[PDB]
Amino acid sequence: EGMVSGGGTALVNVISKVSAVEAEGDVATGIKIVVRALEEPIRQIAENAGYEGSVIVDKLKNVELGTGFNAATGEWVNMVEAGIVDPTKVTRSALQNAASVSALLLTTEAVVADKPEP
Amino acid sequence: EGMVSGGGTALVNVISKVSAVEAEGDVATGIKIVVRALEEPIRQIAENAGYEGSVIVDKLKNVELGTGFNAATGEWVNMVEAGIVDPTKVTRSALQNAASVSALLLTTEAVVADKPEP
Amino acid sequence: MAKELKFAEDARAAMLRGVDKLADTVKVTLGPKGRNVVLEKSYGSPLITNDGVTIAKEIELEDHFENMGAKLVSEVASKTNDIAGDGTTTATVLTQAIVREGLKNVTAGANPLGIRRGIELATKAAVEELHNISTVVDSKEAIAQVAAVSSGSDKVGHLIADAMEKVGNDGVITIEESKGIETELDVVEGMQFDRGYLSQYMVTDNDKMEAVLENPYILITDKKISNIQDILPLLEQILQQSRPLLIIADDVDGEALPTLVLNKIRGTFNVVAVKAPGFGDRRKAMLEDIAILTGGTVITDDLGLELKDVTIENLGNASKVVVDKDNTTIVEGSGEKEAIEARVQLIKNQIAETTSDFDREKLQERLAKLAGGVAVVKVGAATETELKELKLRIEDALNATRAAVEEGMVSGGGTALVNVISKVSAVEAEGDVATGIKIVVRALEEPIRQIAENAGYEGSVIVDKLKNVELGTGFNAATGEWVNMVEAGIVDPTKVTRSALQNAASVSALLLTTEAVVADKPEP
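Chains as they are written, first to last, in PDB author numbering: chain G, 407 to 524; chain L, 407 to 524; chain M, 1 to 524.
Don't take each hint at face value.
The following label-pair restraints were derived from C-beta to C-beta distances [to be verified]: (1) L:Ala-488 with M:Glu-141: 35 to 41 Å; (2) M:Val-38 with G:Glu-523: 47 to 53 Å; (3) G:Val-491 with L:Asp-432: 14 to 20 Å; (4) M:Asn-50 with L:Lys-521: 53 to 59 Å; (5) L:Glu-481 with M:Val-38: 53 to 59 Å; (6) G:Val-424 with M:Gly-109: 14 to 20 Å; (7) L:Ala-500 with G:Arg-498: 49 to 55 Å; (8) M:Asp-24 with L:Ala-488: 44 to 50 Å; (9) G:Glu-523 with M:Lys-521: 40 to 46 Å; (10) G:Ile-439 with L:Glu-481: 22 to 28 Å.
By construction, these hints were calculated from the structure, which means they are not laboratory data. Cβ coordinates follow ideal geometry from the N, Cα and C atoms, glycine included.
Next up, chain G with everything else stripped away, as it sits in the complex:
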């Protein structure tokens, strides 16, 4: 596949293109929901390091492409230069699986499960 920015930076880097997709009604809502959810990995990583996730997300949305947040040091550097790189296949496979299974679960309406034995 190739190499892309690690640490979830690539996920935020594609937010603009997703928001650019045109839809209406529930389709537009489904677009917005994915737009919101795509920020979860980077925000969670920032919170785990003690940094405020919202601040990191907002700053990342306004920096040049290829520059992200180094959770190890808390400094905004070039991930490619700093070696914080993740395979494209891993990210795209995770996104595809999560989206597909979330779509399957959201359409569930009746659950048949074994009653716990008293």
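Mind docking chains L and M on chain G? Use the hints.
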């Protein structure tokens, strides 16, 4: 007294000077306490308007003095020019009263109260 | 006493539960095919009715927060039941729908301020559209027709038309019970001014809330009456005369007001005190006008007259005085016609001489009030039951006629509400503003759907068919046939619908933004 920036912008504008105060031990701990707490008004105002408080605080800490956040519009303008101004006396009196009463309460060790009548 | 501080959605959950209870109790009476509801009474047989406002008034919930919701929605309906008798229900239904859907949307994020903004924008657009499409009722024949609908028998149409023409659009029209069997229209010299009673204890007609005085004495003064001692000789004189007393002063307060209230409650004195209309130099103008009409004298320090020196002669006299919560009406003042004519000519000269449009407007108001007179409708019928029924029929007919005269006439049965859906959907917005726009668009279908369901027809089918028929053709719930409402007479005042929509939207916006609810804890 005079006129200062409204919407709690003045409170954040004095954070740097408070952090510049030198102390050690519990004195330094209390200094950090006040530094952290001084952001509460602006953050709460931003949250009431639906904006993320942490983002607003972080951005305000890095903008020029005299420019704050207009909660009514969500735009970063000049408070003096936009008329978002608050009296100096109000802010300083509120801060003094809050600090004094918090100091009195934190030193409380035993509470004598009337037992509810059954 | 102990509070029950509660925040977040659970407070709003209780609010919604209360509003839903009240709406489920009220909305079942909506529409011509509305069903009947049974209300409990302390004594006598229980009352069964389909009148929405009474049922809403009688509702009181044990749960404190649900009681808050009920009282809120009731106070909303209060602002609307004043005109006609149906606007007190549609508002409740719209409020319920908007609150429910808005709460559901807010539960999933959707910053409430954006929802409120969208609701306000949609409501403004809907009001604009309603004022756009309407059958303007200004012709005399149309006015007579509207006076001849609702109950309106048939004669009330012509009677109201002639009285309206004689007194004008804003002229005072009064309804009286003639001792004969025929209903007659009379125009006499009278005064109505926007000054209600100072207290409800001296209300003579509890059902109508109005204070009614027959051949009363009228006290006219610009002074403030805070001491009962200032009027004791005059009170004794009037008690000797055993006649009602009307008091027109700058303000009656202090100890004199409770004393007069107690005397009225005990029946010792049939006295009514109201504030003096106008302020400053203006107040003395129509104070003198009232004195001229009633033959009384204004008790002012300029003339050297004291309250204790007031005699029976200086008091104004009239045949009948009606005092409501906000206005006081005088019928057949005892003052000389020539003096009233001279005052009218003086005011006309002032109007022709004044240069200030504000002062000219005030003088024109005084001139029109003095010269237009009062239309008197002496209702006559064979039996007291017939007389009362005719009186009630004329009352709402006059109210609806005035309401149509000011705003106009639109399609009834909620058809007008659906007819404006397209314009509201045409409003451009994004985010939570667009969400609120969709909220209002969905909620606007509630009245017609509810009316269709009450008659047993499927609401969704009615809504879908109505959205695709020509404007002016709606659904007749009485017959189930799609006819021209204007031709079929199913017409509702524009003011009623627009007021209900405005009140419902405003109160729903206020409730959706609520974050913390403070209520008294139930006592164990």
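Practice task
Kindly confirm whether 40 to 46 Å is satisfied by the beta carbon distance between G:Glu-523 and M:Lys-521.
Solution key: holds, 43 Å
Problem - CB-CB spacing for M:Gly-109 and G:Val-424 relative to the 14 to 20 Å hint - result: At roughly 18 Å between Cβ atoms, M:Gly-109 and G:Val-424 fall inside 14 to 20 Å, so the hint holds.
Handout entry: Range hint compliance [Cβ, G:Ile-439 to L:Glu-481, 22 to 28 Å]
Key = holds, 27 Å
Practice task
Indicate whether the distance between the beta carbons of M:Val-38 and G:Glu-523 respects the range 47 to 53 Å.
Solution key: holds, 50 Å
Exercise for the section: Go ahead and decide if the range 53 to 59 Å is satisfied by the Cβ distance of L:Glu-481 to M:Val-38. Expected result: For L:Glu-481 and M:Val-38 the Cβ distance comes to about 57 Å; the hint holds.
Exercise for the section: Given the range 14 to 20 Å, decide if the beta-carbon distance of G:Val-491 to L:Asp-432 lies inside it. Expected result: For L:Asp-432 against G:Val-491, whose Cβ atoms are near 45 Å apart, the range 14 to 20 Å is violated.
Problem - Status of the given 35 to 41 Å range, CB of M:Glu-141 versus CB of L:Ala-488 - result: violated, 57 Å
Exercise for the section: Note whether the CB distance of M:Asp-24 and L:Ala-488 lies within 44 to 50 Å or breaks it. Expected result: holds, 48 Å
Exercise for the section: Indicate whether the distance between the beta carbons of L:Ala-500 and G:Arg-498 respects the range 49 to 55 Å. Expected result: The hinted range 49 to 55 Å holds for L:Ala-500 and G:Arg-498, with Cβ atoms some 53 Å apart.
Practice task
Hint says 53 to 59 Å; check whether the CB-CB distance for M:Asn-50 and L:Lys-521 agrees.
Solution key: The hint (53 to 59 Å, Cβ to Cβ) holds, given that M:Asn-50 and L:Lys-521 are roughly 55 Å apart.
In this structure, the earlier hints numbered 1, 3 are contradicted, and the remaining ones agree with it.
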